[PDB]
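Colleague: The residues making up each chain are set out below.
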Amino acid sequence: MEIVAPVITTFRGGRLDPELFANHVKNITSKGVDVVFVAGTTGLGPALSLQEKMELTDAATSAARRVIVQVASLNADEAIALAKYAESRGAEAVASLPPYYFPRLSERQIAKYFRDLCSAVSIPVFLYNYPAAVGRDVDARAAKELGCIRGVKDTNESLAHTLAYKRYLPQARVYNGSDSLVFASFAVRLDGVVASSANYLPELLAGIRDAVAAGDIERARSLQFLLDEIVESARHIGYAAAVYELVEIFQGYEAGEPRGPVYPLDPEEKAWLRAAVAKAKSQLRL
Amino acid sequence: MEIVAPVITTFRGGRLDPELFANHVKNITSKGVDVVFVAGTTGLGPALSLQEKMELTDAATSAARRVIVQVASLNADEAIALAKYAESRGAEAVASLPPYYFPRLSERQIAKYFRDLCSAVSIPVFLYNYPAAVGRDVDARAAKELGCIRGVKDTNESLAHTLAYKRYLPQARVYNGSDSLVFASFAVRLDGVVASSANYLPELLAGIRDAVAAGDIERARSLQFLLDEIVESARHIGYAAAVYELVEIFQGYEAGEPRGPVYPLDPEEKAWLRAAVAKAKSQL
Amino acid sequence: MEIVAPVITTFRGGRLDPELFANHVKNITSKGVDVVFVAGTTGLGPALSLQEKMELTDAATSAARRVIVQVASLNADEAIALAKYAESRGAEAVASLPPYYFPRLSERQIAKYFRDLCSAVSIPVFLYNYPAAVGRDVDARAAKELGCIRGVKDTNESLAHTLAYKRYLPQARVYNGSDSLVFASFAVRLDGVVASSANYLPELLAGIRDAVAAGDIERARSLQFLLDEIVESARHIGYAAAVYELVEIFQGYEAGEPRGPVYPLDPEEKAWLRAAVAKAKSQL
Amino acid sequence: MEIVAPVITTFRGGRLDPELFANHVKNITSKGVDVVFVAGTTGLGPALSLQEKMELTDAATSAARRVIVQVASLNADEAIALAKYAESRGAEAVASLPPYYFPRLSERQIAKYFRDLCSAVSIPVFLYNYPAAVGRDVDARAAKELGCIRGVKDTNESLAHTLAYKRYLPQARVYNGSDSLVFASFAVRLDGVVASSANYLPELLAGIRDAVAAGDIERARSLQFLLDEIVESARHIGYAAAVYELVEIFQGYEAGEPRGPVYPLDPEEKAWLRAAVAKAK
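So the protein sequences, as listed, match chains A, C, B and D. If you want PDB author numbering, it's the position in the first sequence, counting the first as 1, plus 20. If you want PDB author numbering, it's the position in the second sequence, counting the first as 1, plus 20. If you want PDB author numbering, it's the position in the third sequence, counting the first as 1, plus 20. If you want PDB author numbering, it's the position in the fourth sequence, counting the first as 1, plus 20.
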C-alpha cells in the first residue's frame with residue numbers, strides 16, 4: 021500500500037523554483053513516499069498555468085521514479101496537452117479533477133472530458149474526486165460509466181464513498197485523499213493514501229502503515245491522532261499555505277511559498293504555527 | 021467488538037406488538053447481536069409515545085440481557101422519565117439523540133438537555149449523534165465538554181468523525197451507526213457498530229467481524245459490498261419501511277410493520293424488493 | 021395580503037397556560053395580525069402532545085376569527101385526528117409540515133401522508149414547507165403532484181422557491197415564512213407572510229405592509245432592516261426561547277415561556293437581549 | 021435600476037471570436053441591457069486565459085459604453101494585471117469572485133486578495149459573490165469589513181442575503197445575480213440585476229422592469245414565470261452551454277460556442293431544448 025505525496029509547488033520570487041522542489045521531492049521519497057502526485061490541490065494545481073504544470077512535470081519526473089500528474093484545467097485542450105506531455109516525461113499515470121467551478125455542467129460534458137483524456141494517452145487516467153473543492157461528485161457508479169478510469173483519488177471524508185470505487189472498479193488503484201483517514205485507509209486496505217502530510221511528515225505516515233501491517237492498531241491510531249492535532253493547528257491559520265511552514269518545521273529545509281490568492285503565511289502566523297505544533301512534536305521525534 | 025441492533029419496532033394492526041418484538045430480538049441475539057438498542061431511528065423512536073417506548077423497553081429487557089434504550093423526546097421531561105424507567109427495567113445504558121427538529125437551539129440548551137439526562141440516572145448516558153436526521157452535530161469535542169457522556173453511537177459517513185470520540189473520550193465506548201462502515205469500523209477497532217442490518221442479516225455482520233478478526237480483510241470487504249448492495253435496493257423504495265421486509269426476506273418470519281408517516285411497503289414495493297435482493301441473496 | 025402569526029405556545033410552570041395564550045392572540049390580532057397559525061415551529065409544534073395542540077386549537081379559535089392549525093406529528097393518526105378536531109372548532113384551514121426527522125422516506129409515503137390529510141377534512145390543507153428544519157423539501161412541483169394542496173407556507177430564504185408555488189398552484193394562498201423577507205413578500209405580492217415577529221412586532225409588519233402599498237419602498241426596506249437587527253440579536257441567544265422575551269420587551273406583558281429541550285432564556289440572556297434590541301427599539 | 025448582462029464569451033473552434041461577441045453585445049445593449057459584465061460565470065471567465073480576458077475587455081469596451089470586467093483568477097497577479105488593463109480600457113468598474121476552488125483559505129488571504137485589487141485601480145471594485153460556485157460566501161458584514169467594496173453582484177437565491185449588502189453598504193451599487201429573482205430585485209428596488217438571460221431575452225427583462233415600475237405586479241410576475249420555465253429547461257440540459265443556443269433561438273443570430281469542459285450542446289440536446297422552449301408557454 022502506497023504513500024502518495026500530493027507535493028507542494030515551491031515558489032520563490034513569484035516563480036517556480038525546481039530544486040527547492042527537487043530537494044523536497046528527494047527528501048520525502050527517501051522517507052517513505054512511494055509516488056509523487058504533482059499539481060494536486062496541495063500543489064495548487066488549479067492555480068498553475070499549463071506551462072507551470074509542465075515545469076512541475078519535468079521537475080517531478082526527474083526527481084522521482086513514480087509520478088502521477090494532475091492535469092485538470094478549465095480549458096480542456098490544456099488538460100489533454102498536459103496529459104500527453106506528462107506521459108512523454110515518463111509519468112506512470114495522469115489524474116484529473118472533474119471540471120470544477122461551473123455549477124451543473126451536464127453528465128455528458130463531464131463524461132466527454134474524462135473520455136477525451138483517456139483517448140489522449142496510453143498510461144492510466146485516474147479520477148481525482150474532491151467534492152468539497154470541485155463542487156461535484158463523480159461517485160463509483162459514475163466513474164464506472166466513464167468506462168476508462170483506472171485509478172481514483174477520492175478526497176472524501178466518507179471512507180464508504182472511497183471503498184465503493186474498489187467495488188465498482190475492482191481493477192482500479194483506489195486511494196483516499198484525506199489526512200484524517202490515513203490509518204483507516206491502510207486498515208481497510210485501499211491501495212494507498214494521497215495525504216498532504218506526506219510533505220511534512222512522511223515518516224509518520226510510514227509509521228502508521230507499518231503499525232497497521234504489524235497489527236498494532238493502537239499505535240496506528242495514536243499516530244493518526246497526533247497527525248490530526250497537527251492538521252488541526254494548520255487548518256486554523258490557512259492549511260494550503262501552512263503546509264509549506266510544516267515542511268520547514270518538520271523536515272528542516274526551505275520549502276518555498278505558495279502564491280496568492282493562497283498567500284504565504286506571514287511571520288506572525290508562522291511563529292504561531294511553530295508553537296502550535298511543538299506541543300506534539302516532542303511527542304514525535306521519528 | 022460488539023454488534024448492536026437498532027432493533028425495529030414491530031407494529032401490527034396499528035399498535036405495538038410486543039411479542040413480534042421479542043421473537044425478533046431473541047432471534048437476532050442468537051444470530052450475533054450483542055446489544056439491543058431500543059427505540060432508535062430504525063425503531064422509529066421519534067414517532068413513538070412515551071408509553072410505547074416504555075412497552076418497548078419492557079419487551080427488550082424481557083427478551084435480551086443487554087439493552088440500551090434510546091430516550092430522546094422533544095419534551096425533555098419525557099426523556100428523563102423514560103431514562104428512569106429504562107434503568108428501573110434493568111437497561112444497561114440509555115442513549116439520546118440531541119434535541120432535534122428545531123434549528124439553532126443554543127449550546128446552553130443542548131448541554132442542559134444532556135446534563136439533565138445524566139443527573140437523572142446512574143447507568144451510562146450515550147450520545148446518539150445523527151447529524152443528517154437531527155440537523156446538528158455534537159462532535160467529540162462537544163461530547164467531551166458535555167462532561168458525562170459514557171458512550172457514543174455516531175451515525176455518520178465520516179469515520180474520522182466517529183474516531184475522534186475515541187480521541188477525546190478514550191474511556192467511552194464508541195460505535196459507528198452507518199451500515200456502509202461496518203467493515204471499516206471493525207477494521208479501525210471502534211468498540212462496535214450499531215447497524216440497521218443487524219435486524220435482517222445479523223450473521224453477515226458477524227461474518228464481517230469474524231473476517232476482520234482473522235485478517236481476511238478481503239473477505240470482510242467482500243461481505244460488506246454484498247451488504248451495501250442490499251441496503252441500496254432497500255434505500256430505493258424507502259429504507260425505513262424496507263428494513264421490515266428485509267427481515268422477512270432473510271430471517272423468514274413476520275416482522276410487523278412501521279407506522280405512518282412511515283407507511284409500510286405496499287405489495288408492489290415488496291415484490292420489487294424481494295426481486296431486487298434475490299440478485300444478492302444468492303451470492304450470500 | 022395577510023399578516024399571519026405563528027403564535028408562541030405559552031407555558032408557565034411546566035404546563036400550557038391557555039389564558040396567557042389567548043391574551044397574546046387577542047393583543048396581536050388587535051395590532052395587525054390577520055390570521056393565527058397555531059402550533060407551528062415558533063409554537064413548538066413538534067414538541068407538543070396532541071392534548072397541547074387541541075388546547076391551543078380551542079383557545080385560538082376562541083380568541084381569533086381566523087385560525088390555521090398546524091398538525092404535523094410523527095404519528096400520522098394524530099395529525100389526522102387533530103386536523104378533524106381543528107375543522108370542528110372552526111379553523112379556516114389546517115397546515116402540516118411534511119414528515120420530518122426520518123431521513124429515509126419515500127415519495128409514496130410523503131404523498132400518502134398529505135393525501136390522507138386532505139381526505140380527513142373539507143377545509144383547506146396547507147403545505148407548511150420548512151426544509152432546514154424538516155430535512156426534506158416539498159417544492160412547488162411536488163406540491164402540485166400531491167393534487168390537493170390549497171395553500172403553502174414556505175419558510176425559505178429562497179424567495180424564488182416560494183414564488184414557485186404561485187406559478188405551479190395559481191389558486192393556492194402562498195405565504196413566505198421568513199422574517200427576513202416580509203418586505204420582499206409584500207413587494208412581490210405573495211398572499212402574505214407567516215412571520216415569527218408577528219408575535220412581538222405585528223405593528224412593524226403592518227408598517228412594512230403599509231409602506232409597500234404606499235409605494236414607500238425605502239421605508240419598507242428600512243423597517244425590514246430594523247426587524248433584521250432584532251431577529252439577529254434573538255438568533256444569537258437562541259431564537260426559539262428569545263421570541264417569548266421579545267414579546268415581553270415589545271408588547272409589555274408576560275409571554276410565559278418555552279419548554280425544554282427549548283429551555284427558557286435564563287436571566288442573563290434576557291438581560292443581554294433587552295440591551296441588544298434597545299438601539300433598534302428606540303428607533304421605531 | 022439596471023439590466024446588467026453577464027455576456028457569453030463567443031468561441032469558434034475553441035478560439036475567441038470578437039465579431040460574434042461584438043454583434044451580440046451591440047444587439048442586447050440595444051434591447052435593454054444597460055451594462056455589460058464581461059468574463060463572469062456565464063462568460064466562462066475562470067476558463068479564459070489572461071490574453072483572452074484582455075481581448076474580451078477590448079471587445080466589450082469597444083462595443084458598449086458601460087462595461088464591468090470580472091477579473092478573478094487563481095493567480096492573483098493576473099487578477100491585478102487584468103484590473104489595471106480593464107481600467108486603462110475604460111471599464112466603469114472591475115468585479116471579482118472571491119478566491120475559489122481552494123477550500124478553507126484564511127480570512128486574511130481573502131481580505132488581502134480584495135484589498136490588493138482595490139489598491140490596484142481607482143475605478144470601483146465589485147464583490148461578485150457566488151457561494152454555490154465559489155465554495156465560500158463573502159456576506160454583507162464581511163464585504164463591509166473589506167473596506168473598499170463599492171458594488172456587489174450576489175448570485176444567490178436568498179434575496180435577503182442580497183438586500184443585506186444595501187444595509188451594510190448603503191453607497192454600494194447592489195445587484196442580484198439570479199435569473200429567478202429579476203422581478204423580485206426590481207420590486208425591492210435593488211440597484212439592478214445581472215441576469216444571464218439578458219443574453220437571450222433582454223427585452224423580457226426590460227418588460228419585467230417596466231411592469232414593476234408601472235405597478236403592474238401581475239404582469240411582472242407572469243413574465244418572470246415565463247422566464248423561469250425557459251431557465252428550467254436550459255438547466256435540465258446544461259445551462260452554461262444552453263445559453264448559447266437560447267441566444268440563437270430568441271435573438272436570431274449566431275452566438276458562437278462555449279469551450280470544453282463546457283462543451284457545446286449536441287444536436288439532440290439543442291433539438292430537445294428547442295422543443296422544451298417552444299412549449300414553454
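Please note that a few of the clues may not be correct.
[As the list claims (entries may be wrong)] Quick list of in silico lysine to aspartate or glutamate cross-link-like pairs, EDC-like style, CA-CA up to 20 Å:
1) D:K164 to B:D286
2) C:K186 to A:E289
3) D:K164 to B:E249
4) A:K164 to C:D248
5) A:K164 to C:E249
6) D:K290 to A:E127
7) B:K290 to C:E127
8) D:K132 to A:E289
9) C:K290 to B:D286
10) A:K132 to D:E249
11) B:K132 to C:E249
12) D:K290 to D:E249
13) D:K164 to B:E289
14) C:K51 to C:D211
15) B:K132 to C:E289
16) C:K132 to B:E288
17) D:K132 to A:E127
18) D:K104 to D:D157
19) A:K132 to D:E127
20) C:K186 to A:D286
21) B:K164 to D:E252
22) C:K186 to A:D136
23) C:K164 to A:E252
24) C:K132 to B:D248
25) B:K132 to C:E288
26) C:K186 to A:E238
27) D:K46 to D:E274
28) C:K132 to B:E127
29) B:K164 to D:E39
30) B:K164 to D:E249
31) D:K132 to A:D286
32) C:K164 to A:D248
33) A:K290 to D:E127
34) C:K186 to A:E127
35) C:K164 to A:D286
36) C:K186 to A:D236
37) A:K164 to C:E252
38) A:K132 to D:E288
For the record, the hints were derived by calculation from the structure and aren't laboratory data.
Colleague: Hints first: check each against the structure and report whether it holds.
Modeller: Structure-based check of all given hints:
1. D:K164 to B:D286: violated, 33 Å
2. C:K186 to A:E289: violated, 30 Å
3. D:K164 to B:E249: Given that 20 Å is the threshold and the Cα spacing comes to 16 Å, the pair holds.
4. A:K164 to C:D248: holds, 17 Å
5. A:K164 to C:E249: holds, 16 Å
6. D:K290 to A:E127: holds, 15 Å
7. B:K290 to C:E127: holds, 16 Å
8. D:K132 to A:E289: It holds: about 15 Å lies between the C-alpha atoms, which stays within 20 Å.
9. C:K290 to B:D286: This hinted pair is violated, its Cα atoms lying about 52 Å apart.
10. A:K132 to D:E249: violated, 28 Å
11. B:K132 to C:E249: violated, 28 Å
12. D:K290 to D:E249: holds, 16 Å
13. D:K164 to B:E289: violated, 28 Å
14. C:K51 to C:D211: With a Cα-Cα distance of about 19 Å, the restraint between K51 of chain C and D211 of chain C holds, given a limit of 20 Å.
15. B:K132 to C:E289: With a Cα-Cα distance of about 14 Å, the restraint between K132 of chain B and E289 of chain C holds, given a limit of 20 Å.
16. C:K132 to B:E288: holds, 16 Å
17. D:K132 to A:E127: It is violated: about 36 Å lies between the C-alpha atoms, which goes past 20 Å.
18. D:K104 to D:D157: violated, 25 Å
19. A:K132 to D:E127: Not OK: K132 of chain A and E127 of chain D at ~36 Å, beyond 20 Å, violated.
20. C:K186 to A:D286: violated, 35 Å
21. B:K164 to D:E252: holds, 17 Å
22. C:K186 to A:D136: Not OK: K186 of chain C and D136 of chain A at ~45 Å, beyond 20 Å, violated.
23. C:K164 to A:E252: Holds: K164 of chain C and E252 of chain A sit about 17 Å apart, inside 20 Å.
24. C:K132 to B:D248: violated, 28 Å
25. B:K132 to C:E288: Roughly 15 Å between the alpha carbons, so the hint for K132 of chain B and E288 of chain C holds.
26. C:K186 to A:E238: holds, 11 Å
27. D:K46 to D:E274: holds, 13 Å
28. C:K132 to B:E127: violated, 36 Å
29. B:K164 to D:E39: With Cα atoms ~46 Å apart, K164 of chain B and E39 of chain D exceed 20 Å; violated.
30. B:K164 to D:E249: holds, 16 Å
31. D:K132 to A:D286: Distance ~12 Å between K132 of chain D and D286 of chain A Cα, so the pair holds.
32. C:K164 to A:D248: holds, 17 Å
33. A:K290 to D:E127: holds, 16 Å
34. C:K186 to A:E127: Given pair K186 of chain C, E127 of chain A is violated - Cα atoms ~40 Å apart, limit 20 Å.
35. C:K164 to A:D286: violated, 34 Å
36. C:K186 to A:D236: holds, 16 Å
37. A:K164 to C:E252: Status holds; Cα separation ~17 Å.
38. A:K132 to D:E288: Within the cut-off at roughly 15 Å; holds.
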